[PDB]
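Take a look at this single chain in structure tokens; it is the form deposited without the partner chain.
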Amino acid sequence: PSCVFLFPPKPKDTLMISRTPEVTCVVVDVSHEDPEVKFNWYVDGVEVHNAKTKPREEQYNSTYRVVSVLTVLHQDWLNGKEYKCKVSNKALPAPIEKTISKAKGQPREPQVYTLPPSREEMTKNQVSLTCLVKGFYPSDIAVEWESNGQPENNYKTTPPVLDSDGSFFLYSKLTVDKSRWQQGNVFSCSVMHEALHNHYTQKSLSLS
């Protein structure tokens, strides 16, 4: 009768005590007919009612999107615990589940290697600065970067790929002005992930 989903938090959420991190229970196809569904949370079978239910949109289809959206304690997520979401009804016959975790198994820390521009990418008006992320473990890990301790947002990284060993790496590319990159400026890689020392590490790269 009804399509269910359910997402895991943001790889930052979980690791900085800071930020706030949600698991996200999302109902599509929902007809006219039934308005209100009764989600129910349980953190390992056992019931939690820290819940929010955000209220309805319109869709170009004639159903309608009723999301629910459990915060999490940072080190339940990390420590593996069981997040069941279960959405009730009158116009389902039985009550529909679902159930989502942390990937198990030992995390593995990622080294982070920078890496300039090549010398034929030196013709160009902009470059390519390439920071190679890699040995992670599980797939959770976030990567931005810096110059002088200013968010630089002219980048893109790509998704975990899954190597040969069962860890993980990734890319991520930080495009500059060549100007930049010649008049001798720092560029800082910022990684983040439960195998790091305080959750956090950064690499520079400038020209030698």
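Numbering follows the first chain given and starts at 1. We call the rigid core the largest set of C-alpha positions that still match within 1.5 Å between the two forms. What changes on going to the form deposited with the partner chain bound:
Superposed on the core, the two forms differ at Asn61: its CA moves 2 Å or more between these two forms.
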Second form
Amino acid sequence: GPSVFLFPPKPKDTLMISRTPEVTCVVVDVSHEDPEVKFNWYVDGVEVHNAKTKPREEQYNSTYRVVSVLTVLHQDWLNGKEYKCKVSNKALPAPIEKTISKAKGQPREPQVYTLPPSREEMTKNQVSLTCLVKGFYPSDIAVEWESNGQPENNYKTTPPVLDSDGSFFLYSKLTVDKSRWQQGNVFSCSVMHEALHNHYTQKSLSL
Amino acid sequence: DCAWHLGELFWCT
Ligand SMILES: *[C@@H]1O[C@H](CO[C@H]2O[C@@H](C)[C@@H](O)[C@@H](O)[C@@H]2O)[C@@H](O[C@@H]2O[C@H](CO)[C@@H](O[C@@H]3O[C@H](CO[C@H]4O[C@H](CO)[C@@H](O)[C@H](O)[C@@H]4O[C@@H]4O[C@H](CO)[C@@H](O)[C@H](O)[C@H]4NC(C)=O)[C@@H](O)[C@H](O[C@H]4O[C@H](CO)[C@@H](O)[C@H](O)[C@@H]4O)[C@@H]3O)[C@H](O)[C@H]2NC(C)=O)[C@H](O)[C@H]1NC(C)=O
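Output the structure of the form deposited with the partner chain bound; the preceding block shows the form deposited without the partner chain.
Entire complex below, previous chain first.
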């Protein structure tokens, strides 16, 4: 029969007060003969009724994709409230109940360190600027680079890695033309995480 | 107090 997948909000929508975080309940393998999908939403066991249904999408594999979205409050999600989506469909012998929430565990503040390029790299065309983000929990995070107030696109960030002390760490590598680094421009590692003061911190880096 | 990133209001204490 049809299957249900309940997704958390984007970490950026939960930590940035200008954005709106939403929990998404995706129902796949919806049949054409019984496309009706009843949605029951519960926040900490209490049913809520402010969820909207996304437009039905034909998947061109003989099934429908039916999606419900519930806006959540920022502090509600960050305070670890549980959101239950109950999906009902005539192709289901019994309703499917899924429940998600923020990763449990005490949030730990990330330590952000900028590491300059190695002296052995200055023989290449482009050098590597390193940002070490360690000791953070939960794993949800976002890392970006910028120079003189302008965003820097040419960078890659490793996924979070579980450390030996139960926290997470990652690395972000910004690649710049060696001339830029030797020019002396300041580069900034911008890290977003719930356990940071105001969910944000910057660490500069220059020669 | 408040933090700002690229001009977007992040958060305020
Ligand atoms: C009929 O067609 C349906 C849709 O098909 C079109 O699908 C795409 C993929 C094309 O390839 C093509 O086939 C068609 O044009 C089929 O539906 C799919 O079903 C499978 C399972 O049956 C679903 O897989 C699960 O996927 C979860 C993650 O899904 C996120 O990432 C997907 C890409 O990786 C993406 O397509 C999804 O939409 C979803 O995106 C996320 O959405 C949220 C909210 O909307 C958003 O905030 C996120 O940012 C966004 N993420 C991204 C990366 O964009 C997995 O978590 C899940 O895994 C767990 O459970 C599994 C089973 O228990 C287990 O095996 C795993 O190991 C893991 O534990 C699972 O893999 C798939 O998502 C779904 N596709 C869509 C688009 O919903 C349908 O199966 C098919 N029917 C038949 C009979 O063929």
